[PDB]
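Have a look at the structure below, then the notes.
Of the protein chains in this complex, all but one are displayed in their positions.
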């Protein structure tokens, strides 16, 4: 799907996690955030249409998602142990990874 | 060392990076920031296995990751790009300050 | 491609890096390993074919590749800066990631 649709699925499910009641709701939100981030992996962003797939910048771009996928998995792991407090706070801490890619490429 | 001392090192060296002219200065400072962060990991700010303390420790884990990626750039001589990465660290410094400072 | 084929590629290109005499061999080999690790990420290994796609084991197994893809990219980045020796060394260090996965799921 589109990068915007993935960025919407990321932004939406983050607020789902913030306002959730339990680990199942958190989990399925993280599972959807994960699938969306791995789907936006291939996208060329508007601000780098003048760079090739194997350029330094597109490696750095794709690496920003590698970081995000990893953190989602750490959070998701916390949800699967029934640690909802901690998972919710881990999800919160993604914000600076989201932010860091935007400060460079959004 | 003490928690104030780790924060000082982190703050001091973030400035050294801001005003640096070369990759060696920037490496040196990132390296010292990595050490202070891989140190401050195991302190308590004003239960150890509480949800708060995990998340306190987790903040330093995330910060260590970003310092290490900045080091990647500085080790590759990409000095400007390392300095921007270093500027973006503030988000994590701040986000933890908002919480538990 | 098949999981076995991804694994030959990984093993073959790892020995190419070991024996390389120039920067292009290491870079090219690291590029082919990155692609093969990415492709293999979604595969289901024989020993977990009767597990759910959302089992803890399939998350662990998927994560093992997340680790590997990360080290491959670290090494590739080093090679792209002319730190080819460091990249060859990094490639050798992959072996414990290869072994960690095999131990559990091969």
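A few remarks follow.
The chains carry the letters A, B and C, assigned in the order they are written, with residues numbered from 1 in each.
In this section, a residue touches a chain if its C-beta (ideal position, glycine included) is under 8 Å from a C-beta of that chain, and two chains touch if they have at least 3 such contacts.
Remark: the omitted chain is touched by one listed residue; of B:14, B:38 or B:84 this is B:38. For the chain left out of this panel, the touching residue among C:42, C:44 or C:93 is C:93.
Those residues of subunit C that touch the chain absent from the view are 67, 71, 83, 85-86, 89-90, 92-93, 95-96, 99-100, 103.
Although one chain is not displayed, its contacts with subunit B can still be listed: residues 31, 34-35, 38-39, 41-42, 49, 54, 61, 68, 75. By the touch rule set out above, subunit A reaches the unshown chain at residues 74, 77-78, 80-81, 83.
Everything below uses one rule, namely that only the chains that are shown with their structure count from here on.
Subunit A and subunit B have CA centres that are 22 Å apart. With centres set at the average Cα position, the gap from subunit B to subunit C is 29 Å.
Each of residues 77, 80 in subunit C touches at least two other chains.
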